[PDB]
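Q: Now for the letters of each chain:
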Amino acid sequence: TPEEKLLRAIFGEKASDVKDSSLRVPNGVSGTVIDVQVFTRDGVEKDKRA
Amino acid sequence: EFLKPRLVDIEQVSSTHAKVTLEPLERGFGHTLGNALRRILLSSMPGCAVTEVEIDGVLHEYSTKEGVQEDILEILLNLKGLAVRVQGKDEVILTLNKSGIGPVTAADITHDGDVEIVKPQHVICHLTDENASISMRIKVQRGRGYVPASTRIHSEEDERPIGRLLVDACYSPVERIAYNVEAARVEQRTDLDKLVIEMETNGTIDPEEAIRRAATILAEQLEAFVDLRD
Amino acid sequence: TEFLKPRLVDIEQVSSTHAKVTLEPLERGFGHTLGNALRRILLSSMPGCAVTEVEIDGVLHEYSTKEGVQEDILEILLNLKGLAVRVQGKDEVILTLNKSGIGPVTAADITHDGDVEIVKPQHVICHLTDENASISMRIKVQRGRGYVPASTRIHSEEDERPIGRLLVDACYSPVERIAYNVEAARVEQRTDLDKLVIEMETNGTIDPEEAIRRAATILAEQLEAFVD
Amino acid sequence: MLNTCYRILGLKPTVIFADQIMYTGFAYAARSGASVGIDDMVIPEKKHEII
Amino acid sequence: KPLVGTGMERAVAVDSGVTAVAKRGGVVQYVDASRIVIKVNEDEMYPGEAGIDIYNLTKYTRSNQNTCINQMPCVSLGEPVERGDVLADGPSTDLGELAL
Amino acid sequence: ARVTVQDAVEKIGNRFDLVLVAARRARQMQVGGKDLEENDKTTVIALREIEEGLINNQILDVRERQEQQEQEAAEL
Amino acid sequence: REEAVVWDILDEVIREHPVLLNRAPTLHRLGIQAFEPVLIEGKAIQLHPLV
Amino acid sequence: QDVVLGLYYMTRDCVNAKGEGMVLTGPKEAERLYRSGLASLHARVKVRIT
Amino acid sequence: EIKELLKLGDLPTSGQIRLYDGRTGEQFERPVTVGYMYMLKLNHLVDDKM
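Residue numbers (the numbering used here), protein chains in the order written: chain A, 20 to 69; chain B, -14 to 215; chain C, 31 to 258; chain D, 145 to 195; chain E, 10 to 109; chain F, -2 to 73; chain G, -7 to 43; chain H, 5 to 54; chain I, 9 to 58.
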């Protein structure tokens, strides 16, 4: 919008080129993490953790 | 012109049992002091108990070291009933190393100068291999009542490591307190009682020290009624 | 180790024989251990003075009926049992009442001695009808501790009583009714704190706030040989 | 006892009296310890001859 | 356990699948938090190249209702185990019985 | 504080207009047209005025038509 | 984050604000009543016994 | 259901309890007599009520 | 046959003990029952209802 653009030039912040959609623990539940599974489609390179 | 209850002989039935007596109790006061104290002893006696264990190669409580025949969630439930005394310090960090087949008891903890383990045959875990090994660094603190591990997670202060297993702490040396007010006969009086406070601790708190530590909790709380300040 | 003492102790005065103290915030569970040891001291062991026996010169039995008075003999004793009398020095003093006229016999019509001091002049003792101007008796006040019914001493009475020595229930303590009530309160992060709310009357002779004070002294002195 | 207290005094004393009747019934019911054992339910002596 | 049962608990905890019941008699050789090793007797052992039985337990896993289901060993070293015995408790079981 | 509006229903004897007389008045405190308070909200203050006799459906109208005579002054 | 002040503002927003409790199969008109809340700790809605 | 079993137990009468046949001086004297441990909660007394 | 066991543990045959109150310290009149009920814990947890 227009006001959001004036708020940019005053502070010159870079545009965000990607939206954050992380996985987050549900509300009000807390406890250790006892495992992790990582499946990879055949044809993409595994990250350092998988 | 009331009489004053005076602490008298202390029968000691076992290392954990005990009985006291308060000889010249006036009429009607056997139950006023008897239950006023028993609600003080079961609530507010200071003791020490484990507060967080840290084993050498295990990450979380739901793991299982190889060589012992118990989960890491079951070693913590055996440590939580570890009766221990700390003489001068506030918090200590005990240590336990052992290898070879056979049970691991509290007698195998590295004997520090102040920390005096009281029940030295308390079993902790069994090692069922000739080349197994456990190494844990327990911790001990002082407090009163019962503070779960969830509460202390708010006062963790950036608990950096992820190998720090936390156990719930129940610092209280007494487990049951009865009493019986029976008839006492002084050399010349018509109405007089005799209180018999039969307390049973877990070998940590001294009996005589445990009743003076109560009256200074009660007589200190009645300072408010002695002067009403509006 | 390091406990929690009460601040913001409010006291509300209404009908000066009455009074309702509040208090907070006490530790968890210190509401009952405190207010209940106080209620046991006000009711059972608290020094005071009250009448114990009377000598109606014209009546010789608790069930009989005296001339001129509109009332009975029993309902007479109900009046004296509630007479609030505070004596200064002695422990036994035998007052005498002798009234004439037509109407109700108030309390100030008794003789007054050198240290005895009644605390209600308009207390009615008996309504006296006309033509008589006649009533007489001996009221016997003495000091003691707690409350002592007239049933237990008569069961074991060694102080011999001639025919016509009525035995009136002796209530020594100055508190008439006392009952606390514990409730929840917080200290801005702890939901489990207590708030003792005492509430006490008295039979005139001593203000309520002076009874709660001199009761905690009786209980704070028993622990004189334990605290340090 | 509550139906008469409403007709005679209105709603202010009947709301402040339906509580105090509850704090007195709860309190003096605990002093009973009205616990139901197995000696309570009594079989009549003549349940066998009547059958 | 229940202090007041009906004797139909040893059959509802064994005839289910949670317990790890022995398959041949013998003698326990190595109990551990996640494994048991029974060394069978001779008369129960087959003639040619039989060896031993070895039971793996299933430590903390996930059920359908998200509760946890893991087995704990209830034997020691040297304890002779017989055919039809019970070696590993399940979830809601204790010494073979069914404690809920 | 309030537990029963039985006093307010005495003055306004309907209970369907006491909810309409008090919502109109309680707006005025909420939007600071006016300030007649023991740490109360604006809907328990409007009921402690009706309970005391200083507000009803006529005292709100006539105090509004005395606003126009005020607004007529500054209207010039 | 539930700082120490929001509990001071949440205790002040709930001053005289009545909430409407209502059970599942509302048969008659007394299945929906209002109550002045008082903040407790836990996860269960308390409820007066007479109600 | 339960506050009515408390009212019932309190306002019954035995035939011979502690403190039987005595005479009291009002409800403030009975509650101060039962809580003191002298008279039973339902013993036949005679009081004065206004 | 339940009564033959309570004479083995030296208990009151009637099955009812005389409890004391916890706070006041006084004794419950008319003795009470005390036993051992095997209690389950249904999984209608309130953490999933709220």
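Careful: at least some of the hints might be erroneous.
[Said to hold, decoys possible] Computed cross-link-like contacts, DSBU-like style, restricted to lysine-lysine with a CA-CA straight-line distance of at most 30 Å:
id : chain 1 : residue 1 : chain 2 : residue 2
1  : H       : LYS50     : C       : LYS225
2  : H       : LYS32     : D       : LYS156
3  : H       : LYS50     : C       : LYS35
4  : D       : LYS156    : C       : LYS225
5  : B       : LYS(-11)  : B       : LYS65
[Claimed, not checked] To give an idea of the interface, some chain I residues facing chain G are shown, with a C-beta separation under 10 Å as derived from the structure:
id : residue
6  : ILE25
7  : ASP29
8  : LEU50
9  : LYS57
These aren't lab readings, by the way, just hints derived from the structure by calculation. All residues carry an ideal CB built from backbone N, CA and C; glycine is no exception.
Q: Does each hint fit the structure? Answer for all of them.
A: To see whether the hints hold, each was checked on the structure:
A distance of roughly 37 Å separates the Cα atoms of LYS50(H) and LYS225(C); the hinted pair therefore is violated under the 30 Å criterion. Between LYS32(H) and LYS156(D) the alpha-carbon distance is near 25 Å, which keeps this suggested pair within the 30 Å criterion. Straight-line distance between C-alpha atoms of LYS50(H) and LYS35(C) comes to about 45 Å, which puts the hinted pair past the 30 Å bound. Our distance criterion of 30 Å between C-alpha atoms is met by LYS156(D) and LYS225(C), whose separation comes to about 27 Å.
A distance of roughly 41 Å separates the Cα atoms of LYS(-11)(B) and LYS65(B); the hinted pair therefore is violated under the 30 Å criterion. Interface hint status for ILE25(I): violated, as the beta-carbon distance to the closest one in chain G is roughly 28 Å, over 10 Å. Hint status for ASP29(I) relative to chain G: violated, with the closest Cβ pair at about 21 Å, above 10 Å. Because the smallest distance between the Cβ of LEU50(I) and any Cβ of chain G comes to about 15 Å, over 10 Å, the interface hint for this residue is violated.
Taking 10 Å as the C-beta cut-off, the interface hint given for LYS57(I) holds, the closest approach to chain G being about 8 Å.
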